[PDB]
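Presented as structure tokens, the chain that follows is alone, the form deposited in one PDB entry.
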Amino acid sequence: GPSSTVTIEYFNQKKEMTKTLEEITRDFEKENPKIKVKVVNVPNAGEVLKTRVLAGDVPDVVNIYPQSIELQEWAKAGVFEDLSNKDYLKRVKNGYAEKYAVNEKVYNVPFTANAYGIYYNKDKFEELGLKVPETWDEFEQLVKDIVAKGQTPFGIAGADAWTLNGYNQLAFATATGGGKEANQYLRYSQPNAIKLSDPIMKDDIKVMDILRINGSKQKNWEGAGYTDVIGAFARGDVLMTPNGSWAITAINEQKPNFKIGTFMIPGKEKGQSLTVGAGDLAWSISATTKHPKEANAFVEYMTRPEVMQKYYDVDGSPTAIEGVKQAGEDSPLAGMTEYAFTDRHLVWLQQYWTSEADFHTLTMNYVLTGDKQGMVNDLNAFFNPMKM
């Protein structure tokens, strides 16, 4: 006779959360005894997804970063179901799913998002009489003060340029007034429009020069990787490191002997700090799924407060889902995520770029060399192609 059991795939890209995602899936299956959900985790998942979609083999539910060119192009080509009118989308913070809309239609549920800022050692700031900086000038002074008191302000991963993507995007964002303004200056300006003499460029150079203050970085930072800086920070060897919300689990796993805080990178004046990030646990549904009711039931389940709470309690990334109890003001990510999901939480600028690695490289190369005109030249070289 007939069987009704159906399997859907959930194509995961959050490998760090596989255990909890699998538990969730088992809870979903106990509530829905006729649905089986396969949590797919493969190496090189981004590239595998591209291969599968191109082949016409799209997973039923897909973890896809909604800032990506792939979400944009695939959503346009009809690869994903229009979620705009789903009741469960109402559980996402007002306005936030809409930041990745395509042709005014939402194709992805952003459960969580990353953010970026400065990790710092609360204990040593307290011992040294130091405060979170609220302007560019205070952040310079903070770094100098730390050096003067015989400690090392930053762990910088000179060998992993990507770690400074957020830092330089926020330097531009704060210099220009926001994310769209920063992309106006960099991306949607005229070819070769970026000039050393520009006030914007001067301000960007100021913010970047905070990372160039004499004595500001650990010895051999040039060669240091992400893991090295996570370790230096956890050991108390450096007082701060610029990075994203994704670093916390690794920091905690190093068992620091101090309380971790975070702060937003300030603007020129008080009350002008910003952060940057995008959807992380973020799902779309195939438009060609053989089992749309079950695929939607899985996505709906994860939007429930008691289900997302299971994920959040472990992962800690800010969540856009209603009803979740987020961590308090003393939690390590509090400063970084104070303004999550607001106008002060910009979507990564590369939403509207055709690549990003070369921006990482020009950023870190400036930290290395201090060659200001070279940096301007590198910025025009990277953005000019985008402007044809």
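In this text, the rigid core denotes the largest set of C-alpha atoms whose superposition between the two forms falls within 1.5 Å. Positions refer to the first chain, counted from 1. Compared with the form deposited in another entry:
- Among the candidates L89, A250, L128, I200, the CA atom that moves 2 angstroms or more between these two forms after core superposition belongs to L89 alone.
- A two-part rigid motion is described between these two forms, in which the smaller part turns by 21 degrees against the larger.
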The other form holds:
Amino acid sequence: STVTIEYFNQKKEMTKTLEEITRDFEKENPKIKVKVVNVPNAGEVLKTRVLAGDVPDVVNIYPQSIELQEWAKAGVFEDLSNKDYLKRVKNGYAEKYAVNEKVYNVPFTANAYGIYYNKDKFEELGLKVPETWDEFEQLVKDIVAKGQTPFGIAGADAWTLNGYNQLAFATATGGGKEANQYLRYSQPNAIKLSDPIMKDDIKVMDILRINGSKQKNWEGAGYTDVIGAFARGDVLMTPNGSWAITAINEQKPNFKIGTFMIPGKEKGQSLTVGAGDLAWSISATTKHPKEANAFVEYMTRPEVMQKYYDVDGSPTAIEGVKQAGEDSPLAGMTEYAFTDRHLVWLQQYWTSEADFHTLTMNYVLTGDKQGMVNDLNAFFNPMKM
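Alongside the form deposited in one PDB entry that was just displayed, please also present the structure of the form deposited in another entry.
Below: the lone chain, stripped of partners and molecules.
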């Protein structure tokens, strides 16, 4: 009378560690087994299963998503508000994604977005982390003229740049609420190529188009390709999120990594963006409800969470977990974690995000401003009614 449950993982960089933590939990609960299910196109495979009443027992679902918000409200996930382990979460970080004042997702860690950069290279080239858009332009051009490739872009994998272009409007208007007031809660067809906002977005994106700025053959490079380039010193920087660090450390790079926040028009305006990263919610219809809380309770134990945080490094929201000094790789992208400088993903209030990813990458692969401005309105007009 052993009972198997599914945990529906969407965090791929971290599968080998999550499988280990799972074996340690099956070893201490010898009457429980746990399927770790990592599928392709998880976002969608999960959307199918949920409409079809087949929700996996524990699900890794990102807590700012519409899907979560909708499904929470339609009773698909258990109310966790009045669980004990939930007390081990801090920064009122469960309640930052409450739905009708009820918590439905334990957000263990929270991700962030920024540029990764080779510290050793930058040292060798007399170059410094940038603090204005202008300095950042001039950075990229200074690397080109010193014979090296500034950026590794994953031109097949449009999502890697979602956080970038968000941060572009974000720093461009003052923050998240303001960006969405520009893009989303404005009139239909509002977004024009002439808006000063729109002109800054394009200034910030255009940094990724500076002549000589991307690696040979980037247009078909994926995540892992770019991760390999950065790791080898083939490229000096890559815009991406805290989740990549694990994959970057795997390839055993021969230089110390830094990160930085994408900057504003002026000094001190920089931002990062992100939300719960390792974040779990429990089926309201799981056949085995007690086992599912046992898995989740386990993940909150600070000595278990340390095993995970030691491989992944995204900053964590659980009590008792030694965080790293400011000499960490992620030190500069996650400095401001859990402050009013860590915006929640803009797509919180959107109906989807694929078409945003796409139009971002398309601009970097085409350079077409009116086309991108048009594409922005084509994406947001369905939402404004």
